[PDB]
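Only one protein chain is missing from this complex, and each of the others stays in its spot.
Chain nomenclature is as follows: A, B and C, assigned in order of appearance, with residue numbering initiated at 1 for each chain independently.
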């Protein structure tokens, strides 16, 4: 009765490392991403080590592509058990009056609508399967951290996410669906690191950390496999009493920023 | 002293317009429906103070720009923003909530919050400071049981995040940004004519002594929330910024 | 016209709070560690129009608290308003190096103090048929965790908020509102404490080239500021507010 997971934003970072992690537990993985070739490459690697995997190309904020990806995946394997809502962008960070409506919309569409679409379309199958496990990947931003220069839209979306998670934990417990949130700090790259960041000087409260600001690793970002490991635990039956909890994975950086 | 208050046709918005006008604050009552805000403006001019009624859908760039331009062109400046406009939208099980229903709750409560702040911050900067309050809820902040209320929960939780980013971003411009978080006001907690399948989503519970401890039973008054906003946009609160405040008579802890 | 007990009233937030509450036709019992100070505020309250009494007592001591609350009901007949506001910073040190008595002392004053202050005043407030309580906490333990070696303090400030919320629900039917106040730096810098050791061992080094109190370009908040909020929270202007924390930090806290 081998378990099935949809993992979004699987083409890289945490999503990718998550996909490997779970494949290694013999979870068969639907790896959905915005770029065919990246998601093909991870599905390949998974099959290369004798796993099961479909690459699914889709834009997470698009209703039709998503329905088509979900239907596709259930058809190939028969059931759905595990969902990781990981797709997100940072989008534009800029002064509240410089951030344009259309660029606000875009961060809301991928990060926020994508979460709604992802769940709406998968919850039916989970309900039918008799239960499963959901994790949505949020952030320290909007939960513990409010300093990332002009990141309001992102922040808004990331706070929304943990709220969705707790609402649904309750809605879905009677259906034996566990819903958790995972909140990373900087993974792989600096917290501030966005090429669509504009006008840092206006938004940043200036600050120097002579000894880094990620205490457990001595200033260094956490790594994709770290988040992977956590999601792997939370989607397993080892976490069978855990629902509607966030879990911060920031090496202490949340408490700092 | 000039205030823009959105969702000002009724409820908290109407009550805040009145309370603030009573402190001598020129009010720009803004709302979905013209006659509602005309009436609130009229009562204010009628009772002594200065006002103007502004008809805009809060999710709409264009109306909002006009609405803001017009308020600034009639009174000179901006000092206070109460971002209050919003909707419950449809509450339904996550699988029954439609994409377009989801989009509409986000459009009004979230995008409308963005736009409201997006357009008023330059004026508050020019004036050299001011006070913002965004009206959230116990939903998304303490309370996660309101049935199928996901989209709404989302927006309310988002707002508090916005408030804290903006408190830090704007502190140096002397703009204070706070979040007010009422429990049930006027109407009770789960009264929404667009609720579907409440059966399937509420976790069944009974409250023999009620679940608003301080008013043992009934919801709070719009004028209550108005009082809080009044305090929070006043000089009495000069050092308060980036704080949420729960006005739920304890209901937030129960639910 | 109603009566309020203010602990820690000899100075700081306490004093400011006694003053502002007077300036509202509120009769104050100023309770402090050291009489010279509290009779000094009480004197200033009287003859400047208002009713007031000074009370000497240590919050962590059962008998004195029982004593002094008795003494304040006798003189004015009732209690309407308690403001629990007495604390020490106490010793801040590495958890490694902080000592049991030092730890113990910060629990006595801040935690046991607050339990006692409410233990012996709730009953009169119920009898009055309702009133208002506010407990003065801190960004420490609520939003802030970098104050070097302040664990003990942080423990008690965090417990205060928990207490507020528990009793807010327990005392709702008695029409007693219960709220928290959580100041950032007031009058003084946030790591300013003469009983702090091994700062460099404990503190994560950080430089704030432009301050870390946004609304003030980096100057600590003022006692009157906090007082004003307390004054709001005890008035009937806030009839519906109970079981809530309110942060008064000028944004620091989102920052520390």
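In the analysis below, contacts are C-beta pairs under 8 Å (C-beta built on N, C-alpha and C of every residue); 3 or more make two chains touch, one makes a residue touch a chain.
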Quiz item: The chain left out here touches which displayed chains?
Solution: A, B, C
Quiz prompt | Touching the absent chain when the full complex is considered, from A:36, A:71, A:100 or A:174 | solution = A:174
Practice problem: Can you work out which residue in C:77, C:123 or C:129 touches the chain that's missing from view? | Solution: C:123
Quiz prompt | Sole contact to the chain not displayed, among A:122, A:139, A:141 or A:243 | solution = A:243
Quiz item: Taking the full complex into account, what residues of subunit B touch the chain not shown?
Solution: 144-145, 203-209, 211, 213, 253-254
Self-check item: Interface with the undisplayed chain - residues on subunit A
Solution: 166, 169-170, 172-174, 176, 178, 211, 214-218, 222-223, 226-227, 229-230, 232-233, 238-245, 247-252, 254-256
Quiz prompt | Missing-partner contacts on subunit C, residue numbers | solution = 62, 94-96, 98, 100, 103-104, 107, 111-112, 115-116, 118-120, 122-123, 126, 141-142, 145-152, 154-159, 161-163, 165-172, 202, 204, 243
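Keep in mind that, in the parts below, only the chains that are shown with their structure count from here on.
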Quiz prompt | More contacts between chains, A-C or A-B | solution = A-B
Quiz prompt | Whole-Å separation of chain centres (CA-atom averages), subunit B against subunit C | solution = 31
Self-check item: Where subunit A and subunit B are represented by their mean Cα positions, the distance between them in whole Å
Solution: 30
Quiz item: Considering subunit B alone, which of its residues make contact with at least two other chains?
Solution: 164, 167-168, 171, 242
